[PDB]
Amino acid sequence: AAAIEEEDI
Amino acid sequence: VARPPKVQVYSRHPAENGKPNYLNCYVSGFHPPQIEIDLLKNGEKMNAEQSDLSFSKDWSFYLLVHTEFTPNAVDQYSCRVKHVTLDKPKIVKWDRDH
Amino acid sequence: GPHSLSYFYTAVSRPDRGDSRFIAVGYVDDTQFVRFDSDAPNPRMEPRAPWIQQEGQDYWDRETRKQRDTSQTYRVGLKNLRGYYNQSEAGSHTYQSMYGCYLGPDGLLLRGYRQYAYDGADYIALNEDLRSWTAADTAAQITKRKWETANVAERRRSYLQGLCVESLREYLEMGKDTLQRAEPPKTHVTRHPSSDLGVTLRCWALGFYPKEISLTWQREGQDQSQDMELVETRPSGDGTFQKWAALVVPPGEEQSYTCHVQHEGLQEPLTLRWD
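Residue numbers (the deposited numbering), protein chains in the order written: chain C, 1 to 9; chain B, 1 to 98; chain A, 1 to 275.
So here's chain C without its partners, still in its complex pose:
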């Protein structure tokens, strides 16, 4: 299962 990626570069 994938990680949750929230914060922008």
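Accuracy of the hints is not assured; some may be wrong.
[As the list claims (entries may be wrong)] Derived DSS-like pairs (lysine-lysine); straight-line CA-CA distance at most 30 Å:
1. B:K6 - B:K88
2. A:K211 - B:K93
3. A:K186 - B:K57
4. A:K186 - B:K82
5. A:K146 - B:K82
Hints in this document: simulated from the structure, not taken from any laboratory.
Dock chains B and A against chain C, hints included.
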């Protein structure tokens, strides 16, 4: 700096005339990801399937173009690759010994 | 072996269409099992290995939710990176991330990793302690400060030590008949004409899994790796891999050379010659 593709054309199983096989064009090590990879039957593009865009640990991309084929004595097979690193399309002919 | 779960994200800016495309592939070891394509209509996470299809609808729904979210996160990322590097909207740029977990022999996390790249170059990476970041240039220090402020480091660390290894272990059981079967290479040696005082021997290893293998030629037990051609390991199309090693020998001297194969699904290292 863009990185150029390596290209290998080969069959899944050892080629025997009249026996259905699988034709592979494996393109790897390139960047950026925009690319056109065509399998050719006597110069005409085959309606080959292409794998999902993936990349290796050095961030360089790889792709498999593949389709069913039945080798015989006269049909010529090759893979043609267009990329921003290539001023002219790179062409690799299939042969049974590689 | 040391099994792994890994994801690979490619986001590409598309100037002509005025948008971007996000593509994600998930692997277990050398086996692709999921994909996501932001271009597909009503994009969803989709199976790419038979054994993952036994996941119920809630797994597919929630994996789809994330990929759709992270797809738009990476679209913003592409525009920010354009700003950081004083780039016009004329060209297309590539923004990649990869991350995953290696499983140690104790069922514990051997090594966790998360890194990012922009137009082929390393941008920012999670350090091995999973607590700090290393940024490659001025632009990436902007990102490093933001992620320090927001405590991103321990969200990655938690995933990497928790859900990553946990799902890896489920996947490994779900697909144990294929993922945990070491398939051996079917090997043979061929001879072909070369040049003046030259005859090539080509030692093939076909349909093996996993990808790692060792092919070497030897003359009287000493490695011939200086004058030998070794092709990159290549996929078979059915989930297995292929490789060969060739060298040029003097005509009539073939029997003095042997080909040596070690693969994880082989009892002993195998030695074979030209027959």
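- Message: Next pair to validate is A:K146 with B:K82; report whether the Cα-Cα distance is within 30 Å.
- Response: Cα-Cα ~39 Å, so violated.
- Task: Starting from B:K6, check that the Cα of B:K88 is at most 30 Å away, please.
- Result: Roughly 15 Å separates the two Cα atoms, so the pair holds.
- Task: Would you mind confirming whether the straight-line C-alpha gap from A:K186 to B:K57 stays at or under 30 Å?
- Result: Since the Cα atoms of A:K186 and B:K57 sit roughly 28 Å apart, the hinted pair holds (cutoff 30 Å).
- Is the Cα-Cα distance between A:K186 and B:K82 30 Å or less? violated, 34 Å
- Is the hinted pair A:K211 and B:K93 satisfied, with a Cα-Cα distance of at most 30 Å? holds, 25 Å
In this structure, the earlier hints numbered 4, 5 are contradicted, and the remaining ones agree with it.
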